[PDB]
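Peer 1: Given chain B, work out where chain A with the ligands should sit, using these hints.
Below are the chains, spelled out letter by letter.
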Amino acid sequence: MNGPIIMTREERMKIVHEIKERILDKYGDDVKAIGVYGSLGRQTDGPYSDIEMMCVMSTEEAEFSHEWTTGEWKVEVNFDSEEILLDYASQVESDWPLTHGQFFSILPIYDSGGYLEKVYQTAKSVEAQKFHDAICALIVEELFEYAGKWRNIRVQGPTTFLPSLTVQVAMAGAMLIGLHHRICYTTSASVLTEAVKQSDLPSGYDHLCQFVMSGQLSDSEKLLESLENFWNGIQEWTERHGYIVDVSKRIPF
Amino acid sequence: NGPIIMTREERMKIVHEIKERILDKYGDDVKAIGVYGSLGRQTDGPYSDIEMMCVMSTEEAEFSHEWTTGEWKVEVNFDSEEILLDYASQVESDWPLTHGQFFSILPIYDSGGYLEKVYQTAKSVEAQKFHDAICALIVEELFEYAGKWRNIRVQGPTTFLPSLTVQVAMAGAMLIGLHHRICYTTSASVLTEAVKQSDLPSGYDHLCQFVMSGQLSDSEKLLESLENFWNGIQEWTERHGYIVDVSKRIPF
Ligand SMILES: NC[C@@H]1O[C@H](O[C@H]2[C@@H](O)[C@H](O[C@@H]3[C@@H](O)[C@H](N)C[C@H](N)[C@H]3O[C@H]3O[C@H](CN)[C@@H](O)[C@H](O)[C@H]3N)O[C@@H]2CO)[C@H](N)[C@@H](O)[C@@H]1O
Ligand SMILES: NC[C@@H]1O[C@H](O[C@H]2[C@@H](O)[C@H](O[C@@H]3[C@@H](O)[C@H](N)C[C@H](N)[C@H]3O[C@H]3O[C@H](CN)[C@@H](O)[C@H](O)[C@H]3N)O[C@@H]2CO)[C@H](N)[C@@H](O)[C@@H]1O
Ligand SMILES: [Ca+2]
Ligand SMILES: [Mg+2]
Ligand SMILES: [Mg+2]
Numbered sequence: 001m002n003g004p005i006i007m008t009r010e011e012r013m014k015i016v017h018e019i020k021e022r023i024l025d026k027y028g029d030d031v032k033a034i035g036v037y038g039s040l041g042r043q044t045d046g047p048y049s050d051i052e053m054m055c056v057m058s059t060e061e062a063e064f065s066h067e068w069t070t071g072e073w074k075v076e077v078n079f080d081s082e083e084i085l086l087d088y089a090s091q092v093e094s095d096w097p098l099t100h101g102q103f104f105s106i107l108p109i110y111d112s113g114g115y116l117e118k119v120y121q122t123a124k125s126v127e128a129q130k131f132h133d134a135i136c137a138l139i140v141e142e143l144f145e146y147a148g149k150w151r152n153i154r155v156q157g158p159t160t161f162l163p164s165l166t167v168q169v170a171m172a173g174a175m176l177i178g179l180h181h182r183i184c185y186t187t188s189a190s191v192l193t194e195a196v197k198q199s200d201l202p203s204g205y206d207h208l209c210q211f212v213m214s215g216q217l218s219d220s221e222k223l224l225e226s227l228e229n230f231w232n233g234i235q236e237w238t239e240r241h242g243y244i245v246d247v248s249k250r251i252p253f
Numbered sequence: 002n003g004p005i006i007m008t009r010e011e012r013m014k015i016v017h018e019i020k021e022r023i024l025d026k027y028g029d030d031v032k033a034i035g036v037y038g039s040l041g042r043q044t045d046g047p048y049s050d051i052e053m054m055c056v057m058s059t060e061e062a063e064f065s066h067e068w069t070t071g072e073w074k075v076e077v078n079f080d081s082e083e084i085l086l087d088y089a090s091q092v093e094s095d096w097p098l099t100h101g102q103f104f105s106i107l108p109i110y111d112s113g114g115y116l117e118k119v120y121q122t123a124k125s126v127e128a129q130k131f132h133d134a135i136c137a138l139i140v141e142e143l144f145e146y147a148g149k150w151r152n153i154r155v156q157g158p159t160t161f162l163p164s165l166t167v168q169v170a171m172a173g174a175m176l177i178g179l180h181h182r183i184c185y186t187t188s189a190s191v192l193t194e195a196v197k198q199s200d201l202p203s204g205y206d207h208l209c210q211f212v213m214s215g216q217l218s219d220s221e222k223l224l225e226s227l228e229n230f231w232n233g234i235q236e237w238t239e240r241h242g243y244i245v246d247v248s249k250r251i252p253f
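Which chain is which? The protein sequence lines are B and A, in order. Counting from 1, one number per residue, gives the positions in the first sequence under the deposited numbering. Counting from 2, one number per residue, gives the positions in the second sequence under the deposited numbering.
None of these hints come from the bench; they were simulated from the model. For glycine and all other residues, C-beta sits at the position ideal for the given N, C-alpha and C. Just to be clear, a hint being listed does not mean it is correct.
Stated by the list, open to error - Residues on chain A that point at chain B, a partial pick, calculated with CB under 10 Å:
(1) 43
(2) 47
(3) 58
(4) 152
(5) 158
(6) 160
(7) 183
(8) 245
(9) 251
Unchecked claim - Just a few of them, taken from the derived set where beta-carbon distance is under 8 Å, the chain A residues facing chain B:
(10) 4
(11) 7
(12) 50
(13) 67
(14) 70
(15) 74
(16) 107
(17) 126
(18) 128
(19) 148
(20) 156
(21) 167
(22) 193
(23) 194
(24) 212
(25) 250
Unchecked claim - Residues of chain B placed beyond 10 Å of chain A at every Cβ, according to the derived structure:
(26) 82
(27) 83
(28) 91
(29) 149
(30) 181
(31) 241
Isolated chain B (complex conformation):
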């Protein structure tokens, strides 16, 4: 297994339509729609891309996937009932900016009743409260946790964790920015480059990303300073924008 290998878009689409034929052969009238998502769905796949497809099923409670390799390429096909997919499309978790670009990258190749259009409309019409709640949760569940981890590093080590943690913090900052601006990053590789181009960044986030994007992560004192500055920028930014969590109670239940 020396793959993945170089492939053309033409070769990838040939594979997509073979999979389409197998899906229709196997599930027949239970198939509501089939779409390609990811880079191939946007027709911006590069030489080494994977193949990602989604199938809307009529079967109640259908929720399964097939993910496999031939050693030279890899495919993931998800199968969901319409109800399960629409619910997923309207839930906003802390990694919504990483997961839900699926619904903005759909290339329908089969659709028996506007089903993929419905999916897109549901994904693009999520209410503002869900993004507000997800941002407040991200601050508590991830950012506050990371601050404790790098502050522990400052006092007791290990600095060998600091480069990885710094990457994690920059990624969480990109989720914060993506939820706030309601943007779904196009690829894994474009998360940080797209995050730092957005407007109204928390102070210190740009600088933190500069270390991560340059790969210059060996100066622990500079990183800890940049992390603290970003944590300060977070505090100012969330109160400016009203992402306020009541922290007054020792036990809030």
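Peer 2: Chain A with the ligands in isolation, oriented as in the chain B frame:
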């Protein structure tokens, strides 16, 4: 401006206050309460958060309370026994990161040996599950990463390479942890513990040195090291019998 420095004794006070609140609020529906994580192992440092698990009798109970006081952070998970036992016996790609919870339990209340039963379940998972998880990890994560850094080599962007290299090193540490059936103690010790194990795939220790030192700016050296680690994976998995099925063009 938190989290702040706290002592182990201050954290244990908080834990017992939460225990009292849980028993007042839920009463006889509480089967057991435990602390896990660094505090459960009694190795918490100055800034650690507090993590607790409850076993509930209510069928389908599955919720959590996670909050900060501005100064410290707590997460309390509430699960039925059946939901928790099921979770404790499922082996995903990140089992070495997640299931140390079950080897870190400090019991503080237990009406019927429930925490011990959860621990026994977690420690007795079938070997085949780890095999399946490793084969899944190779396909679903490592093969994906290889395509991503090979795309970087030919079309950029190299600004993704340090973050991607960190991801690959972490995925290699999951592979090692699944193989040796070990749950890393903390986020921070994953890579130092992974590279101390025996039977490392070739190229893995070298790759991790870039990640641990933070020397992630030489893109050609990183790409060469990823390729060597990817080669090392192929020899290693074949040697240990983690054979990925590549025979089907469409496997359904
Ligand atoms: N509690 C047992 C089981 O937990 C599962 O969820 C697991 C996982 O998704 C979930 O992850 C939750 C998130 O969700 C939530 N949004 C933030 C929270 N900090 C995080 O917590 C988890 O991840 C952290 C690292 N990031 C760890 O530090 C932490 O100890 C761990 N409990 O925690 C669970 C593992 O502890 C299922 N809910 C269910 O099978 C069952 O209830
Ligand atoms: N399909 C719609 C919904 O997806 C959910 O799960 C989501 C998520 O956990 C799941 O993640 C799956 C994993 O599990 C599986 N073990 C490896 C697989 N490559 C991964 O795939 C996901 O993460 C990858 C990045 N590493 C992305 O490249 C990929 O596009 C994305 N589908 O993909 C789903 C997003 O597509 C639920 N299954 C369900 O609510 C519903 O089916
Ligand atoms: Ca025990
Ligand atoms: Mg946590
Ligand atoms: Mg994937």
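Peer 1: Going through the earlier hints one by one, which of them does the structure break, listed in rising order?
Peer 2: 1, 3, 7, 11, 16, 17, 18, 23, 29
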